[PDB]
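Note that this is a trimmed complex: some chains were dropped, and none of the rest were shifted.
Chain IDs A and B follow the sequence of writing; residue 1 opens each chain.
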Amino acid sequence: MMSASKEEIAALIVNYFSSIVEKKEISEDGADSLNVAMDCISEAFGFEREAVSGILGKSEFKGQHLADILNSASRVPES
Amino acid sequence: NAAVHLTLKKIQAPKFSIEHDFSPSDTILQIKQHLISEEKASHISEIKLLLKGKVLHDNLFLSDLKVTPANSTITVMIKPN
């Protein structure tokens, strides 16, 4: 959309993980793994875990998850 | 034997790295306690250890740690919740 900067992508990544655990699409085994990984990602790029709501707002990715976005990507391999 | 050699390394700056020998009868909680003793952490709840992506819970014993000469490094994650 805009530029797909590290912060733009990061927000969608953590949002995707949040979506998975929300509707419980993963077992508690991997749930805690993504739980901590999400925080590591947040610290790496320099943003708060609970600040994802603001990032999705300031960026033009509101109402869009990494899943739905990729789901709309009809990449055709012309190998 | 009882000599459980583990390497504690923090991925987030400052990236410290210390090696010590523990016991198979010790739990992940013991490592956390040890980390605080070495003045590398403040609270137990801030210390979240991981191994090959698998989160090491306090109830986990060091005897169940799948640590080999290759992955003898434990991921030390420290965050205020």
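We take it that a contact is a pair of C-beta atoms (placed from the backbone, for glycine too) under 8 Å apart; a residue touches a chain by one contact, two chains touch by 3 or more.
Composition of the entire complex, written as a formula in the shown labels, equals A x2, B x1.
Keep in mind that, in the parts below, only the chains that are shown with their structure count from here on.
Rounded to a whole number, the gap between the C-alpha centres of subunit A and subunit B is 28 angstrom. Within the complex formed with subunit B, the subunit A residues making contact are 32-33, 35-36, 39-40, 43.
By the touch rule above, subunit B contacts subunit A in their complex via residues 11-12, 48, 50, 53-55, 57, 77, 79.
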